[PDB]
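Trainee: Let the hints inform the model, and build the full structure from the sequences given.
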Amino acid sequence: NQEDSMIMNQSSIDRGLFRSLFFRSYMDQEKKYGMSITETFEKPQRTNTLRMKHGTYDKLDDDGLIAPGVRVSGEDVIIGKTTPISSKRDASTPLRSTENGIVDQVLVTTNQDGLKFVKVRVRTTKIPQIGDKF
Amino acid sequence: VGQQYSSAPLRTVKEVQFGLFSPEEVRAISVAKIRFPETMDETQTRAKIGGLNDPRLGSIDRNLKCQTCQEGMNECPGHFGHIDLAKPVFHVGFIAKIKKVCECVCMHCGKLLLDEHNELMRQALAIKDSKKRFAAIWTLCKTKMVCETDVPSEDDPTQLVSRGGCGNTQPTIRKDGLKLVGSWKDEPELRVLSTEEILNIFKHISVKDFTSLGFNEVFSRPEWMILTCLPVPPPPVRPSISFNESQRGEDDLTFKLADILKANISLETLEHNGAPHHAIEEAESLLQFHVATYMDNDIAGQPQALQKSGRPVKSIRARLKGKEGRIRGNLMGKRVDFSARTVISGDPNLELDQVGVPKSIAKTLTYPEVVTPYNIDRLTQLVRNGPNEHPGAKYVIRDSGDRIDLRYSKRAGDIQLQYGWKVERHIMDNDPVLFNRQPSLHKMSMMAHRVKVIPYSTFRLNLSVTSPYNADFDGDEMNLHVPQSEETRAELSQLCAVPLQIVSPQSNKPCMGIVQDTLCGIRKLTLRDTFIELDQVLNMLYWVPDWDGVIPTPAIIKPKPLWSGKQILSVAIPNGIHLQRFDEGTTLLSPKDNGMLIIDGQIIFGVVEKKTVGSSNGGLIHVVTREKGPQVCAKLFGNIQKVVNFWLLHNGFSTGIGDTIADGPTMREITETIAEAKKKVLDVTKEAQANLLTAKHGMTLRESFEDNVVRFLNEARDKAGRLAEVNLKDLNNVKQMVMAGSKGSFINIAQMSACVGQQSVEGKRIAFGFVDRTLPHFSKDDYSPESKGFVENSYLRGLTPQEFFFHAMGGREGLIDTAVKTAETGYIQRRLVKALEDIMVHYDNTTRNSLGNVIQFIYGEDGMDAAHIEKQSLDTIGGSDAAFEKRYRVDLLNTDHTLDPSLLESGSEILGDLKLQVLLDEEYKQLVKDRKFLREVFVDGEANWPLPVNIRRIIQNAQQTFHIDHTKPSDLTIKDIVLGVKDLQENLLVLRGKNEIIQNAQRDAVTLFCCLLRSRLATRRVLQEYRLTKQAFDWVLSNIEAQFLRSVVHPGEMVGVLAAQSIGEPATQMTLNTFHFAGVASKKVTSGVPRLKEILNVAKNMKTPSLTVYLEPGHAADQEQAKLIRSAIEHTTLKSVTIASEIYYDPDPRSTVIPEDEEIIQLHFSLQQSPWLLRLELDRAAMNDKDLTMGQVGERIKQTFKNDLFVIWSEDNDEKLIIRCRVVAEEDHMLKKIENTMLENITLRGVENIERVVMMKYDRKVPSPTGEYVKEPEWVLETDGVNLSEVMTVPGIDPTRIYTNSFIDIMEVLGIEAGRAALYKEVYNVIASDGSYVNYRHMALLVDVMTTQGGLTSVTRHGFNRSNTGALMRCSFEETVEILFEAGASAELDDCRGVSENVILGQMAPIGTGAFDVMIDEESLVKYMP
Amino acid sequence: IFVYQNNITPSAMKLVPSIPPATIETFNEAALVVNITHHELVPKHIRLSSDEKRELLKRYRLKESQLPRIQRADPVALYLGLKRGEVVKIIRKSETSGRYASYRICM
Amino acid sequence: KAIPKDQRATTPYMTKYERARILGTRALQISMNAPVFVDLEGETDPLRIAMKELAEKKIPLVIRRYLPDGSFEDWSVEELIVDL
Ligand SMILES: [Mg+2]
Ligand SMILES: [Zn+2]
Ligand SMILES: [Zn+2]
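Chains as they are written, first to last, in the deposited numbering: chain B, 834 to 919, 933 to 980; chain A, 2 to 186, 195 to 1176, 1187 to 1243, 1254 to 1455; chain E, 109 to 215; chain F, 72 to 155.
If you are wondering where the hints come from, they were derived from the structure by calculation, not from laboratory data.
From the structure, some residues in chain A lie toward chain F, with a derived Cβ separation under 7 Å:
id: 1; residue: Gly-1061
id: 2; residue: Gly-1437
id: 3; residue: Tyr-1453
Not everything, but these chain A residues come out facing chain F in the computed CB check (under 7 Å):
id: 4; residue: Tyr-383
id: 5; residue: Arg-1001
id: 6; residue: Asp-1442
id: 7; residue: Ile-1445
Don't be surprised by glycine CBs; every beta carbon is placed ideally from N, CA and C.
Mentor: As C-alpha cells, this is what we get:
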C-alpha cells in the first residue's frame, strides 16, 4: 500500500466491486464519386488485388458487418468494404489492435447523399486489476 | 546492418569536410538529366518518365531497377540528378554573404579594396580565424566606396604608388527582397544588380583574395554561392505514399522542384522566342523565388509561398530546424526498438537492483544470444519451448543471415542449433536492464537492474529506489530498454547498476534512503520498550537470507526469555560495522535513547530512524557502502526492509482524526493565545492611526506597520502549535510518522490541530481589490487581521467563507510560478548541458573539452571524485592559541609538557632526548605553519569541509578492531609516528609525472588534505586521545593510503555533463519570482531563477546592480564615520536639495521686490547684468542627511557656468536658505535652459549612477588577539547603482574588500581571475538560497568554462555555441541550418571528437568506456597456454 | 611608461609602435590611484620566461591555443605589461585543495 | 606518437571504464567462441568466465590509453592493478 498505491481486497473485486463497462464504436460510409463508382459492404477474398488485412474476416455476415452476439478480439475485421479501382482493394475496418471484447450493437443508416452508413459498437468489461488507478 | 556483404572495406568517419557544390561536380555526380517536371504517366501508363524522379535515380514499385544498381528500395541511397538553370540564382541563405562580399570588392575588375598598403588592413590580414578575419576586413571596406588607383607607399605621402586600376566608384548596397540594389553618386543612379554580373565579378576574384576573405580555393569559392546547376535529391529524400494502386501521394519537395522546373522552362523558352527584353526579368524572379523558397520558407520577405489549401510548404531547412526535426529530432534522440513502458508499483519483496518485469513483456522483448557449447542444451530448450511458453525464444538465425520465424516456419519443432548461430530469446530472470523514469536530468534517472519476470502487467521496483527516479505509484509510467550485445549489457552491469549509484556525486552523499512503512516502522521496532518473544523472533531471523542460522541469546532470560527489537534488527547489520552518533542529551547511557552506537554490527544503544538509516551522510548506508562494498549494501536494504516490514505487518500502524484532536484545555489555551496576539496587533493598529509609530529603518510607516502585524500573528501560529505539538502524547500516529521522520513536519501538526495561518500574495497579506477592503462582506479601510487574510481555525474546525477564499488565492500561487518557472527552467537545464557535453577528465588528469583546451588542470582543483567526500572538520583552524598548544604540543624537555610515560612505552626513556625534540618540534612548527595557511584560505573561520577519506571513522574502526584498551600504554616510537605520517603523504599521489612542473602540482592537489591528516595524526593526539598501537596505527595508515587512492577520479568520467546536470537538476526546483523582501520596497533585490537567468545570459542591465563597500581598516565601528562617507558616494544633485525654482521680475540688483530676501542682498554689496531673476529655495533637512553648506552648493553652481551668470546666497543661519541669480534679445527663454541645466547636469557630492546608499552592521568573525575566532561587527555601505571604477578610488573604503554583485564589472575593473571569483560566488549563492548543496567542482567547472576564453562567455546561442568547436556539435543547438550553411561556406573541417559529432554518425564516442582503445597482444596470448 | 592626466591626443598615441624594439605603455592617473592587484579577489599572477613556458607546454602536451587565455587589456595583464604570447601563472587559493596552480596565455 | 614502456605516466590502476569494457569486450569474444585461457570451473556465462579470466589476470589484452595530444600509453591487463 506504500507511497500512493493501495491494497484492494480481491474477494470483493470478485463480488463485483468496481467493475466497469466500456463501449467503443467504429464507423464507416460508402464514399461516392460523381462519375458513378461506389464502395461496398461485402465479404471479399483474394480475386486480383490481394490488398486485404491479416485479420479473420470469417466473423462477418454477408452485408459486410458483424452481428451482436459475436466475440471479437485481436485484429479481426469488423466491417467489410470494397473500393472499385481501375478491382478488390479493401477498406474494411479492424478492431483496434490492442483491444478485444464482444460486438454489442450495430446499425446501418442512410447519409443525406443516400450513402450507406454504419456504426459498430464493441463492448468489453474491465475489472479492477493491479496496474489500475483509483 | 543493411544486409548483404560487400567487398568494400569498413571504416569510420574521422573528419567532416564541409564544402560547397561547384556546378561542375553537381553535373558530374548527377545521373538524371531531369528535363520534364511531370512525375510518371508515360501518357498515363504507370511507371516513371525519363524526366523527374527516376530518369535513372532510385525507384518505387518494389523494383530492383536503379541503374542496374538494383538492391532496390532498401539498400539503395538515391542518386543525385541535376537540373541546369537557365539563368544563375541566389542561394536564399547565402544572400547575406553574397552581399557583404560585394561590399568588400569593387566590380568591373573585382579585387580587394585594401591591400597591404593601408595599415589598418594588415592588422586584419593576420588574424588567423577566417570567421573574424572577415567580419573585420568587411568593417574596413563597407566604407571605402571608390576603387583607389594609387595610395602613398611606406615613404613620402608626396609620392604616389600604383596597384590595380580603374577607380569606377563603388556602389553602396541594400537588400530588397531577393535582389541586390546599389546606388552611385550628385542624385543617385538606382539599378538592380543582375546575378549574371555578380557571379562574373566573383569568378574574377583572386585566389589570395578568396582566402583573405573567409573562403577556400578548393571546397568553397564564393562563386559557388550563386547556383548554376541545381542538385536534385532522389526519392528516399522526398518519398511518396501509395494507397495501393492508381492512388499516389507525392511529397512537398517533389512539388517545389516541379514548380522550379516549370518556372525554369517558361524562362528559357523566353530567350529563344519573342523576348520582350524586360518582361523576362519578371519570371527570372519567379525562378529565384522558387529556387529560394525551396530551401527556406521562413523569410522576412513575407510571401510564404503557400501551396493550394493554405498549406505553408516544407522548406528543406524546415526539416533540420531543432526539436521535432532531423538534427535534434532523429539523431540526438531516436525512437528505439527493444523498449517497453507501463505503470509501476512497489514491491517490498524485491532487491534494490531488481525490477519486476511482467511476463507479457519478457515474452515480447528478445535478447539475441549466440549459440555456443556453453548453451546449446539450454538454448535449444527454449527454441523448442516456442514463443508462447515463458522461458522460450522467438527467432533463430543462421550464418546465412536469414530469420527463422519460430512462431510459423514448418520446421518450428525441428531445428538443430549450430555453433555460430543466434537465438533471439525471451528476457529471463536476471538479465541486466536499463530502467528509467522521465524526465531524465540525473545519472540516477537511468539505472541498470536485475530483471525478474513476474505476473500482472506492472513494472515492479523497490521503494528505496523510488527517489533516485523520483517516482510515486500514482499511475507513474516508467520506461525500459534492453541491452543487446554482451559488451553492452556489461556497460550496464559494471557501470549503471543501481547499487553502484548509492552515493551521489552532486552532493557527495547517499541518494537512496529508507522510507514509509520500513522507516516509520524500523523505529517502533527499535525502542527500549519494544520486546519480541520466541515464536516471532524466529520467523524474523528466518526472513533474513544471510542469517548465520544462530538464534542469538535473548537480551532477557529471567522468567520469560525475550529479545529486543534492536537485537534482531541487528542481525541485518553485517559484522565489522561501527557507528557513533550523539544527538542532543547523549551520554553513553543516553537516557532519552538519543544518538546511537553500533559495534561489530550490533546496535548497542539508541533509537533507529531517518538520521541513522536515511540518505544522511555518515548514516548506516554511507558506511556500509564505503566499508563493505556496493554489493553488501544493496543486500542490506533488503534485510532491514524484510525484517522490519514483517514486524510492522504484525504490530500494525494507522492514522486518523483522533491524531488531530488535542487536549481540551490546549484548545482554549490556544484560542486565547490567538486572541492575545490580536490585541498585540490592535494596539499597533490605533498606535498607528494616532500617528505614534516610529517609521523604523523599515522604510515607509505603512510598510513598517505590516512587518509588525504579520510578525505578530505568525509568531502566534508557530507558537500556538508549539502547544499542541507538545500535548500530543508519544502514542499519536501523526507524531510517530514525524518522529521517525517517515512523513510529516511539526508544521503539518499545527495547521491541522492548532491553526492554519496567515495567507499571502507576493508577500503583502491579502490586498484590496475591493476598493479599500477585502470582501464585500467588510467595512472599508479595515486593516484588522481577519480581513488581510488570517485563517484562525485549525484544519480540524474548518475555515470560514472568507478564510476559505483567501486561503485559496494564497495556495493557487505556487501552482502558477510553477507554470512559468517550468517554461524557463527547461531551457536553462539544457543549455548548461549542451555547454559542457565534451568536458571529461582526460588521462593526464587534466579536464578538457572536445578541442584540447584545458578547463581545470585537475578536476575540481583536486582530482577527487565527488562520490568519495564528506564534511570532516579541520581541528587545526578553530580554537584559541591556548588550547591548540594544550593539544598538539609535545615538549620532551619539561616535567609538565612531556608525554606522561603512562602513554608511551618508551615514555620515561624519552623525557630529555634532544634528538627527538628536533622532530617533535619539526611537527609542531608545521601544524602551526598550517594553522596560518588555513586561516588565510578559510577566512570565515569555517572548519568543516568536503574532503576525501573520512579519517574520523577510519580510526573508530582501528579502535574496536584491535580491542584497544585505554589502560595499558602504547608501544610506538615517537619516531614511528612522525616519521610514518610523513611517509604516508609521500604516497597519496594524485598526479604522477616524472618531472618537476607536475610533481609540483602534485604537492598542491594534496595540500588541503594533509593538513587534515597531520591535524589528526598529531603525536600528542595519536597517543593521549586515541590509544593506537604500532599495529592499529600502521593499519590506519594503510587504509588512508588506499581509501584516498580510491577516492581519486577515473580518467574517463564525463564530468562536463555531470557538472551540467547537477546545476540544472536543482535549477529546475528553484522557486520563481518570489521576493520575500516585497513589503519593504526600496530594499528590493533580484533573487531566484530570474537571477540565474540573468547570469548564464551574461546580461548587462541587471535588475539589482548593488555593490557592497567596506570601510578602511581601523575606521569601522565609527558610527558617524559612516554617513561621512555615505555622502561621499551617494550621488547628490541640486535637484535633490531644491524645494522650488522661481523666476521673478526684479530689475533693481540692489533690492529684491521680495521681503524675506532683503537682508541677503545687503550683505553681498558691502563686501551690466540682467533684470530676470531665478530664485531657488533649498531644503535644510536635506542639507544634513548628506552634509552640505550653502557656500559649497552655489560655489559649485558658480564654477559650473563661471564668468557669465551672477549668483548670491543666504547664510546657513537664515530660516530660509536661498539662491538668487541673473543672466548677463530674449532673456526668459535662455533663463530656463539654465533652469534645467541647473537641476540635472549639476552634481554636488557623490558619484554618478549610484543613487541611494545605506549603512549596515554586519557580523564579521575575526582572529581575537587570544587566538579564538570572534564576532567583531563592522558598519558597511550597500550601494544601489554601480560604478566601481570610481567608488573604489574613494578615501575611507577598503578597495580590497569592495564587491559588486555585478561580476560583469568586477571583471572589467579588478581583472578576469577575480571576475571568475565573483562569478562563481554569485552562482553559488543563487543555488544556495534553496539550501541546495552542489559540490564546488561542478559550478566550478561551469564557471571555469565561461571564463577561460577571455572574459565572460555566456551560456547561450550568442556565446559558447560560436566557439572554435566543430559544426555538427553546435549544429545541435538553436541555430542548426544557419550554422551548417556558414560552415560549408567557409570550408569548415570537423574533428568528430565531440560526443554530438559521433552520436550523429552513430560511432562510439570517446567517453569513459570510449576514452581508449583495446588490443590483443599476441605475444602475451602465447604465454597463456599450458 | 607614460602617465597622462585627462587624456592624450589621438594624433599623439599613434606614435608608440614606431620605434622597435623598445616598447611604450600608457596609464591614466585615476587608474593607478588604487592597485587592484591588492584586491581580496585578485590572486597573484606571474610572468614566465620563454623557457618556463616552452616547458609548461611540453609537460602538458599543450598546443599554444589550448591554453586558457588572458585579455591583452586585462587590468593585471597591463599591471605586468604582457605581450601577445607571454604566459602568466595564476596561483590561487582553493577550498578543494589549499592551493591550485593555473595558467593563462595572452591574446 | 608512441610512448616507451618507460617514461610511463598514467594511472597504475584500472579505470572502471577500462575494466568494464575489457570485461565486456572479453565476454563478447568468449561467446564469439573464442579460446579461454582458464579452467572453467563449470562456468557457462561468458561474462562470469571473463570475470575469472580477469581475477587470474589471464586476459591477452592491452589498453592503449590516448592522450589529448595524440600520443598514447599501452597498458596490459596483466599489469594494471585491479582494486575497485
Ligand atoms: Mg507526479
Ligand atoms: Zn540505386
Ligand atoms: Zn576596380
